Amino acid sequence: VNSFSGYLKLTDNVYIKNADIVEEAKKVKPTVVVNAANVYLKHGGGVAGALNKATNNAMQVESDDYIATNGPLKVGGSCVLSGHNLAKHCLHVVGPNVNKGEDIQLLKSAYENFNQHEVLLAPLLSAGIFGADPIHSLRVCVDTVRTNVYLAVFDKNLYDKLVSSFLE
């Protein structure tokens, strides 16, 4: 469990790797994988779609049941559902979608949810279609998360920009 390999330590508690978060979950067997969720837990693309596809749609079926029963999440909020074949748990975290006019200050609230778990495999939040600057998202992660977070960044050019941003 939690067999993280080849990470670069950026701070006392934040680590980073140029890797596919699905292949990392399969290798590492983490206690927790973080999903970059939306408030209706509709896993239609990006990390959410990739994680759901790796679970053979189990995650979407679970999530549909959760939302029908319990209603939508709030921006900045989270829920813990099954990790299926990827992890013990999936922490579904909703970062703000600034492309849709949501407030970037809620990225802090989103990352604060990581402090309820000793160690996490995670993507950067509010990246991709959510429209935040990835360098800013890494900074909020570093400033907010105090538990151990292993970040997986798929794109090499972005990984390099993030690491360079951070150590040069």
Second form
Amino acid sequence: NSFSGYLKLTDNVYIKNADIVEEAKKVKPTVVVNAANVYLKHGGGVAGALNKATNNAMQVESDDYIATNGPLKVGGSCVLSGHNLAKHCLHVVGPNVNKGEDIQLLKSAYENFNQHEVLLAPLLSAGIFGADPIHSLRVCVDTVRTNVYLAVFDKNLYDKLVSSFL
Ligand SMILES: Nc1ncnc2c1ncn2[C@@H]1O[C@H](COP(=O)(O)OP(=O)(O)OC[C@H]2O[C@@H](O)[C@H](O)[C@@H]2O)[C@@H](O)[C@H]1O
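Since the structure above is the form deposited without adenosine-5-diphosphoribose (APR), I would like to see how the form solved in complex with adenosine-5-diphosphoribose (APR) looks, so please show that one next.
The complete assembly is shown below, putting the previous chain first.
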């Protein structure tokens, strides 16, 4: 869990302009967080980048879990293997705002982080799921009590998040 180069936003939330995959390779964290959907079908954002970095081992494990146990709930999570990226991957489902799921469920989604002392994580629902990134960051800061290291890959977005936090 060696995090370096992060900006301190609050006493327990830190942020860095980086690819979450590269950070996981360099930090070797106990938990990396994936922004998932309820079927753990890993798509065009963080999820597909994590899965590719595991040479599809994440998708095979995910398909098996879902076939055996059923889909997650929006706002829910499950802990699976971190493969070569981390010890554990916490798959969390934020609301899909573009499809009319309730943005209030973003608070439930972030509450999952509180079961883990330290996490490398992305901003939930702020990419393919269409939530406002600044709002996602505020919900994270207000909800999460454990230590969270956020990795934001796009520089223009990182800059806009940091400044709105002045
Ligand atoms: N490699 C990356 N590293 C860091 N941040 C990234 C990366 N790729 C995207 N992001 C940023 O992570 C945040 C989350 O974006 P998404 O991964 O698209 O997550 P989400 O909005 O929750 O959508 C989830 C949906 O996308 C699919 O990948 C997934 O299977 C699910 O259906 C966004 O701010 C996005 O810009």
